[PDB]
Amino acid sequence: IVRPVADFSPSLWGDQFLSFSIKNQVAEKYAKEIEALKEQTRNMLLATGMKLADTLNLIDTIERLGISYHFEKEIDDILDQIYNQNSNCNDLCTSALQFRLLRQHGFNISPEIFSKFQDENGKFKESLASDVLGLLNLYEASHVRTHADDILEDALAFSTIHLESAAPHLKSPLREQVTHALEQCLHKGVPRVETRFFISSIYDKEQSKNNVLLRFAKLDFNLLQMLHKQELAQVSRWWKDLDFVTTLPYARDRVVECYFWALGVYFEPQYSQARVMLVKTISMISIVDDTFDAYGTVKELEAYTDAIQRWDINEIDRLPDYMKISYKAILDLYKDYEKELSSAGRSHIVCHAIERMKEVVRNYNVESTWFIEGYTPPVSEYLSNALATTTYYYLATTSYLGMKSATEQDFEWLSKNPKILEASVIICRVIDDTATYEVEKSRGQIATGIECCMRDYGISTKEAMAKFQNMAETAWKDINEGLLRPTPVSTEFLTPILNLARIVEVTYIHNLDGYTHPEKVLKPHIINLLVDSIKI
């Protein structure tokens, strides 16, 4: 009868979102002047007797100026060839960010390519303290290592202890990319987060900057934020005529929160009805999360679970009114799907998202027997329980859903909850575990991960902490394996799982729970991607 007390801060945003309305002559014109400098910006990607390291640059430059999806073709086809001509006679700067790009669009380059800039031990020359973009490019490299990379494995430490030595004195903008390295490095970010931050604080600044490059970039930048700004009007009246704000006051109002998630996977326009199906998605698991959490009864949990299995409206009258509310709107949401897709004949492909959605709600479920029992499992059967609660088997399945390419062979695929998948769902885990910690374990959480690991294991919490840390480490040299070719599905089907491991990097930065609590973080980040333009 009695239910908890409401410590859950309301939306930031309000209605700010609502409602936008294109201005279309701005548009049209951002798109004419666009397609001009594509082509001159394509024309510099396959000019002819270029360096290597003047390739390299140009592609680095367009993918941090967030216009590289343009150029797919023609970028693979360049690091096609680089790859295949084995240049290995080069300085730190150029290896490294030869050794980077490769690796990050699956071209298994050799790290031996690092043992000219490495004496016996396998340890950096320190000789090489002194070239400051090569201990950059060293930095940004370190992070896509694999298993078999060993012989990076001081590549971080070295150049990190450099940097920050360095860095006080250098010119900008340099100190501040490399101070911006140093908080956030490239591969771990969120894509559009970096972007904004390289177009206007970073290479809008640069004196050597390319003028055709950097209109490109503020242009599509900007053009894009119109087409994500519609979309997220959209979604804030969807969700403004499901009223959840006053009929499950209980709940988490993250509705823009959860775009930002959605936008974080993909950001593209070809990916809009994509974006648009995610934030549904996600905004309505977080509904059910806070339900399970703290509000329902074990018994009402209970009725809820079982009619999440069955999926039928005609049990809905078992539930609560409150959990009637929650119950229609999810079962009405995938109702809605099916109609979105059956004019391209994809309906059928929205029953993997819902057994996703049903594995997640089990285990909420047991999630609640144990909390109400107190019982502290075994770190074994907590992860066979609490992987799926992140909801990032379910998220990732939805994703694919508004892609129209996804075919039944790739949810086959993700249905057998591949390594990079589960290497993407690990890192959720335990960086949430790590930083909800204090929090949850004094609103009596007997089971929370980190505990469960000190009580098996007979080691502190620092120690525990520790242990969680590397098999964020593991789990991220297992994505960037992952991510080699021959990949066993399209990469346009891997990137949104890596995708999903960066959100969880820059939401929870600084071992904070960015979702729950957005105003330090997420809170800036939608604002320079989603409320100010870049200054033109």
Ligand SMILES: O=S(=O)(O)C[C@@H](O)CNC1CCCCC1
The other form holds:
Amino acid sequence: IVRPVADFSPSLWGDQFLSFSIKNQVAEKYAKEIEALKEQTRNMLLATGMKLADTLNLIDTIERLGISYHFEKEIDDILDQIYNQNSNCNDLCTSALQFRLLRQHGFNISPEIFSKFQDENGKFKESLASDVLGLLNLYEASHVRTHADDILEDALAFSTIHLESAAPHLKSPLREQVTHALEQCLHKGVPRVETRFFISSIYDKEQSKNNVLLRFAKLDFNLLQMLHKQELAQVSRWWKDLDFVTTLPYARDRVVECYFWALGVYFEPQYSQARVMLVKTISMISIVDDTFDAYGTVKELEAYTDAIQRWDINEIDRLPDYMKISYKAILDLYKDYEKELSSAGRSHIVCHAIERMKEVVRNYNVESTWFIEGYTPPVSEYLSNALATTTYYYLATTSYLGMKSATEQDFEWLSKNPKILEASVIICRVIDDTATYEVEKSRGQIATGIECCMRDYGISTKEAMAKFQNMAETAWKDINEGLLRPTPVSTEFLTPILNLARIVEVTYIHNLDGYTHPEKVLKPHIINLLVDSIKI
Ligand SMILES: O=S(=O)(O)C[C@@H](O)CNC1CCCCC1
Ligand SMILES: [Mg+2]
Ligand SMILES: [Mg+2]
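Can you now output the form solved in complex with this ligand? The one shown was the form deposited without this ligand.
Now the full complex is given, and it begins with the chain already shown.
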């Protein structure tokens, strides 16, 4: 049996994360001061007689600084009051910010708040083109539209053209903030990534910065960073101990990248168990994916697929030695999950993730069959298989495992492929297909998404890619609509799904394949989030 020649780049990081011993003195000192700062900030939030603009700016700043997770109740109360008071006497900057904050928190504020800034045709008044803070906040708001907000159809184009025009002559750090926003909007960014940028590059350099908030943000970020490093060390040791790097050498060695993805799903300390469980799943399914894509024979993949469906250690017999390796590891991992959720009485929920993994593997095999037969399915058939091979139904399901408040009812909701989940999955599917078309086409994958699209509609590669981009935009509008109250499950269980979509936008930014090539997109984020602390 002739195996393919391995072509995955080695891990970028070596052993540098393998060992992290926390400085307890420093961590304790940080936590003590943060408690004081937190109380000071709580009082800023609860101050009476603040103007609307000031209140919104404060909330926005605390959110961008990445410390809003300390104040979920205070912020929710304040935003609810603003929503219900329904004010109208504002300028563009305040109106756009108000719209964005409320929509992001699920308050369905009417887009009619923008009508006073438009002519008779719903086009934004170009007389506003010299209002940079207005344009910036309009730009950010334009990304949180639903299908009911066609009033705002012009907002992105309008704000973009005039921010571009103004940017080179703007004062710092406003120039840098505008330039950054044009590359990466806030709503679609990974929260810890945007927080790292905002604290260090913008807020630290604002003449009018509040020193209490800045110090709070820096200490909180660096203290949470200590937790993250501890987690990654624990996961790095778990990975090293499995030693796939040598027993399964055809496979990617990307546990640090998997950790970054888990960190994007949630960064808060209370999701520590959830993060570690999630990264282990992302690592393990990555192995499976590599086995289907670039090592296993048709015969081997069949047995593997069947073995996964039956989920029984007695099935190791039918597998080739190398396949035995990952199959036992997978079965052990889920046993570990069950064990880990035992003392909480939440062991029984692990079955939901297992069923989703079975689904992923079934569709990996279908994908293999298509490749082997040279089949190019219609788009509808393509998606019926290829949506699950994003692993995103599986990852969202996994993300709930370590969340202590997640109930069977939450898993029931998720199992029905609700709209917001389907949207996130679609975004991952079409953005990856656009970014990876040319390489996959080179390797003879005639059932890649864009190829299926081209043949089905009889259109060019350019036209197919535009169609796929449209599908992503529709999906983002569906995500935004899915956050609106009343929500079908607690918002806590929607945010991971939102964050999976954000991970897509960030990993494939500028249509780069940051998936297959870690150095291309992800390496600087990992350094900024997990190697370098923020200087105080
Ligand atoms: O190439 S596949 O379609 O098999 C898988 C790919 O689409 C998705 N892989 C990662 C998952 C987590 C980070 C974002 C993308
Ligand atoms: Mg694959
Ligand atoms: Mg691809």
